[PDB]
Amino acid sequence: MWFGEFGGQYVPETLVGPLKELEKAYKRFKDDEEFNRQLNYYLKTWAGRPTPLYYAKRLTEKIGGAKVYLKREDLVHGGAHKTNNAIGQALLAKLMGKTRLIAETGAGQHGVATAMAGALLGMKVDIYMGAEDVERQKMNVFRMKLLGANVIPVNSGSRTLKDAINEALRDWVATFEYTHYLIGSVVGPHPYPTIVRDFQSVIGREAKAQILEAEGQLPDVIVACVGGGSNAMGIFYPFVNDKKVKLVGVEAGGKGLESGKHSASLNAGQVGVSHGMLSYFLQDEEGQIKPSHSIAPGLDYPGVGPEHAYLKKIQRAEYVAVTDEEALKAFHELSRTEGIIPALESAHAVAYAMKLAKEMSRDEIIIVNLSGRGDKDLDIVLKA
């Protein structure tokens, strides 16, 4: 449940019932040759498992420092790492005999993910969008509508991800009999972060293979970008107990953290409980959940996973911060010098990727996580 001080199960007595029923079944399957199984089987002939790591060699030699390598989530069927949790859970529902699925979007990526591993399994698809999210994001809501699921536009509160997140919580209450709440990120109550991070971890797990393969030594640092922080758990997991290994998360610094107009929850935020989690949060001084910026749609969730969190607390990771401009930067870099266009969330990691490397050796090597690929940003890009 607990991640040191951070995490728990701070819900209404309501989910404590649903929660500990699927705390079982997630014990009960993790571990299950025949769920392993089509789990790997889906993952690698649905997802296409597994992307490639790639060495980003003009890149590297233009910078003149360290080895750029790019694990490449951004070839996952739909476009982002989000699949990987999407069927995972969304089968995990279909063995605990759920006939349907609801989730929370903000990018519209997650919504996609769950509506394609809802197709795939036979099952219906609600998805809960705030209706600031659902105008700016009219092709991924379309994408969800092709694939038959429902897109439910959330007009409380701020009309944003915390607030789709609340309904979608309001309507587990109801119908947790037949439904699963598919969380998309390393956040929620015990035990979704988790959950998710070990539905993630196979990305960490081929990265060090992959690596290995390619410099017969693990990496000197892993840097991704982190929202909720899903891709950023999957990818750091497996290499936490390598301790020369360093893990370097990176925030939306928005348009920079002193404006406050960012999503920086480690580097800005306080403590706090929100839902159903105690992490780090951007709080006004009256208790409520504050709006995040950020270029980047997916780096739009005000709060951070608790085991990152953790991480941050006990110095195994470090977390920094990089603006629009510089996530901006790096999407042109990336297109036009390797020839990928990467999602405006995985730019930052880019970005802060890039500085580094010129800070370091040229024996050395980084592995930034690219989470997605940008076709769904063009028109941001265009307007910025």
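By rigid core we mean the largest C-alpha set that fits within 1.5 Å across both forms. Numbering follows the first chain given and starts at 1. First, how it differs from the form deposited in another entry.
- When the two forms are superposed on their rigid core between the two forms, the C-alpha shift of 2 Å or more among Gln89, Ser230, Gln137, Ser263 belongs solely to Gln137.
- Residue displacement note: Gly157 has its CA displaced by at least 2 Å between the two forms (rigid core superposed).
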Given for the second form:
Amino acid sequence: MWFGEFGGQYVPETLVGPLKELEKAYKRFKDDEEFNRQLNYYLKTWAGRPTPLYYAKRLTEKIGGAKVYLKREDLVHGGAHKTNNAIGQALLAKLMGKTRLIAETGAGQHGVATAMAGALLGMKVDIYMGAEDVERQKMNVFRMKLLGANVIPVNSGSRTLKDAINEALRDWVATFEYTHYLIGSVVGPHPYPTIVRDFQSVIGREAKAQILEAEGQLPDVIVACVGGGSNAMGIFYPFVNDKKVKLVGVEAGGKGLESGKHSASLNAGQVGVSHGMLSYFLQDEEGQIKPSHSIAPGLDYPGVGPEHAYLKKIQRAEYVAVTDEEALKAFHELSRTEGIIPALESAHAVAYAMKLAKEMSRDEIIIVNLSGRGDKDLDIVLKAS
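Previous: the form deposited in one PDB entry; requested now: the form deposited in another entry:
The next block holds one chain only.
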């Protein structure tokens, strides 16, 4: 339910029943061998797990500091880590007798992942997507359509992630007996932050085994970008009890933290309640939720997962921010230097990893979670550069 004080289940009474049924189903199936057999089967043969752990030798030498390994979630079917959670929840939803999936999306990767999982399992998919994100992630909009999903543009508010989430939640309140709300990050009311983290923990379980094979030791640092926090939690979680391993989450610095146009909730937000959870949120002078910004639409959310709020409080993980321009430079850099076009979200992690490697010893090891590929971002990057 809680991570320290953070998390919880602060929802209208209409959603208590559906959430409790989800809790019970998850508790029954999370360690069920047959459930995990089907999940592992799809992750392997359909999604293409395990993903490799790649040594960025050109990038490492160029920077001249620590070794930079990339965990290659960009290679997962769909082009991001989102699929790990999408298939897991869709399978659970099907076991619970649901015939419809709904989901918010910003980058469109979760929308696409959800549409793919829905296609695979013969479930109807409606995706809620901010009107601004419909325009700047158009590639993923047409993928969703071709996969047989309906894309619902959301015109209210900031026309982005938070607004998509409000609309999805309103849908779910009405449609829950046959609709599973397939939330795409470690956010929302319990049990979602736990479920999404658990389904993403495969990233870190693989990476741990892979870095032990490559280097015979655990990494000194793990760097991951933080929108809602799922790819970060996925790669972090298996290392949390390893005392050697520093954990760094990288939030969207936007136009700068003083610009009022960023998504760094942990760095510059206040504790508060929204979307069923106590966590960090960007707030205005009256204490209301204020709109966020990032060039990477997957990071463009005023909130953050409560497990990260907890990791920040106990100082198990450090949270930093990287600006739009810094992220753009890393996007170009990785493409030219390693021949990998990353997602703009992932480019934030690369950007900070390049800063951090520079300051570190050649003996030391950084693992960056390369959460996605950048095909979706080509229009954005074309306009910006």
